[PDB]
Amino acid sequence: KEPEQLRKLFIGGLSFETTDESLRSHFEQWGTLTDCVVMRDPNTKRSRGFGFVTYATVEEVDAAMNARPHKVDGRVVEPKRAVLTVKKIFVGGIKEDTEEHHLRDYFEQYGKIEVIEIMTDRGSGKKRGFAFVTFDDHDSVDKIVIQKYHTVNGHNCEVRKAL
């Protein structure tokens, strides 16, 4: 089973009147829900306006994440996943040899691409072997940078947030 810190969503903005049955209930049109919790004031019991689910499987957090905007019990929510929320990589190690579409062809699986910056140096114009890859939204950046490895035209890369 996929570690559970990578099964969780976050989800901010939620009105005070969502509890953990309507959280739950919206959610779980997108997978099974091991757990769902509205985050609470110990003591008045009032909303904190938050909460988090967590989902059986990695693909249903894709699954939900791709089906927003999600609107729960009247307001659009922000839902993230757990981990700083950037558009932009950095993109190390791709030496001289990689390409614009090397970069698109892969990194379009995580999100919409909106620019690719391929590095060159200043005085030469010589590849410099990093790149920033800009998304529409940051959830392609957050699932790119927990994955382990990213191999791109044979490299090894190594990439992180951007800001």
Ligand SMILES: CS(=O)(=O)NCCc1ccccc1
The other form holds:
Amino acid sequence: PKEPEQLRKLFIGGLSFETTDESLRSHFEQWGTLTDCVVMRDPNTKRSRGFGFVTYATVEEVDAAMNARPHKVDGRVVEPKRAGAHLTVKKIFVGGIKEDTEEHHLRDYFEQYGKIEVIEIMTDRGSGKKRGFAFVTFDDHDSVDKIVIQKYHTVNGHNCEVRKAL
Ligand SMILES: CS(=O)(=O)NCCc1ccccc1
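What would the structure be for the form solved in complex with this ligand, given that what you showed me was the form solved without this ligand?
Below is the entire complex, every chain and molecule, led by the chain shown above.
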């Protein structure tokens, strides 16, 4: 049973205008089987629009491609992002953690999504009591993208609500 195709796609921005379906495929096939690979072009001139997309057979292949960044494709460093525009952020809100969840609980869980730079457990301005939510900042947006597409996050026994934070 295959993962939904939307979760297997990478949008690739910043392409060289010389990149073709074939050269984009040859590059990204290093990290998995590509079921689709397209450079977007103008319908009249055929000139590249400077972006395209690739679709891998599995989510683990998407992960492998993202972990191999930076990608230099046909001499230009490109910008891959997983899948209406992408809100590219490095920080998440984590809600539902109650008063007993500590920094190490959040670190031990979230560090497997990406490199953590900041963990902020929110406390009440007046009393110092924990408010039951936190923010985690990573060094890169793909961590957040992987996190927010999961249906569930269980941290310190709590079913958590996790969203992109601006
Ligand atoms: C094969 S790759 O494209 O994933 N990495 C090539 C090395 C490189 C990347 C970015 C800038 C300069 C060099």
